[PDB]
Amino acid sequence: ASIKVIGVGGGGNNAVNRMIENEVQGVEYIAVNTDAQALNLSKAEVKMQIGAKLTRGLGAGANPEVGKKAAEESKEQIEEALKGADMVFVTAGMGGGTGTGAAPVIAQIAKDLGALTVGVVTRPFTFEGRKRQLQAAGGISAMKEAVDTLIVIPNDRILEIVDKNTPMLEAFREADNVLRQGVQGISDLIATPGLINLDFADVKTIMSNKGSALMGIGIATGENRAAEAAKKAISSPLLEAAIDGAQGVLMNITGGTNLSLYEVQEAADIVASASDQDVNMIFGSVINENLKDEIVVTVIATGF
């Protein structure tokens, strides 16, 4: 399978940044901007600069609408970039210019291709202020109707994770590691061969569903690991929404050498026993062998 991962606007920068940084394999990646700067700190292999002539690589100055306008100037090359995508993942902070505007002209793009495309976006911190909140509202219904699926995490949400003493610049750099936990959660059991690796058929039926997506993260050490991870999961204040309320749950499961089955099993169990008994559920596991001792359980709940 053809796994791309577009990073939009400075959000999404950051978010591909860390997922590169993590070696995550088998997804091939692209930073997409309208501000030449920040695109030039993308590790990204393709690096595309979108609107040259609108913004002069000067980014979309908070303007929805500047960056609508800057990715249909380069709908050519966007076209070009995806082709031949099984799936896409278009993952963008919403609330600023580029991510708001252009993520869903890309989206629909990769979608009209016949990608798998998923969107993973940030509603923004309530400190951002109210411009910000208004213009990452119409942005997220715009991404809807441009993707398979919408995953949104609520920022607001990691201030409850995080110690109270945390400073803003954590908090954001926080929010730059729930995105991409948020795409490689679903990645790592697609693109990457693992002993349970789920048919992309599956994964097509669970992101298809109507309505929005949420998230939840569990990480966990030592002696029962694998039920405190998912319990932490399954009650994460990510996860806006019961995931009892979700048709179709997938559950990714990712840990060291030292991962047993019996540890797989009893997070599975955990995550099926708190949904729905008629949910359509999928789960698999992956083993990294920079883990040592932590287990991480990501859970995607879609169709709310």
The other form holds:
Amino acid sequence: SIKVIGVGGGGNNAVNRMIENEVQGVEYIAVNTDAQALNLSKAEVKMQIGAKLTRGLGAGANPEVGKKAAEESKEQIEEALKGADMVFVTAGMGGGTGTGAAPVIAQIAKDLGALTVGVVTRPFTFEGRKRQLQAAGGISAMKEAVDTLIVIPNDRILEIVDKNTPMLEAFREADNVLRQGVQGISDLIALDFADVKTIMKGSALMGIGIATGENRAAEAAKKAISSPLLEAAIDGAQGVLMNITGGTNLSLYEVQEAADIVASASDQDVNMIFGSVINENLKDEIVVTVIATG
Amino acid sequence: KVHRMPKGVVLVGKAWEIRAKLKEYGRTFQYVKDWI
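Previous: the form deposited without its partner chain; requested now: the form deposited with its partner chain bound:
Shown next: the complete complex, the earlier chain at its head.
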């Protein structure tokens, strides 16, 4: 029973993207103060929060509203989260609902005893001061409310994408990266959670590499461990989760070769959760998701 | 600890423990497809 909760617009998209990518084994909950945006969620569960406070009109990028929204719907949320062994709280920080409600939600999940992993993006720098300040204030609050908080620096999306990809695609990629963040883990639980729990605190940074071709597993893993989303050196990590995903052509030669590349770069006595998953929808693409915690 | 699940396998343990387990599995399974 692992629930992925998209909170606010940032999460709404991730959860959509996850669903779009047919990420299995999770129950999705899309939570929003904005009834209009929320009705776009492909989630089976759409939880409008702060219905009384925001009247479906959203939090206006006011984290205090998203918060009071979530506090208002404190009972509706626990009902939806009860039974969750693990809750991914995915959200965009900088906003109102994402920034404000996700800590409330994640904290509820954490109190419910679920392994609470927040996976959030920190707004692009370009989103401006308000977005940056609020997320900062917000990411600070996610950290107190989750077991593990994977924070994806959107600004690093811009290093990754072509220098000319339009802003719309830059946001889009943030959503995918958020989806990539949760699928990276959720695909490994579809297993004693105290394994994963021991790997879930402090903040976490993740990296992704995607590659195709003859030397891809290494290409992917090198790109993963070096990826701009992954801002610090993995040797600094106390724990590392590694996800390898590829087509039915994924060979253990490829798998370990990637594992060797991630492993060498991590500390020797590091704790590690490592999985390789086969994605039939892949052909020659391979995706290494690496999440480091420390 | 090594978890087979459909569509994937998850190894838990120290990094070296896994690298080694992967090599062992590298001798007995060609593709992760066949592995599961």
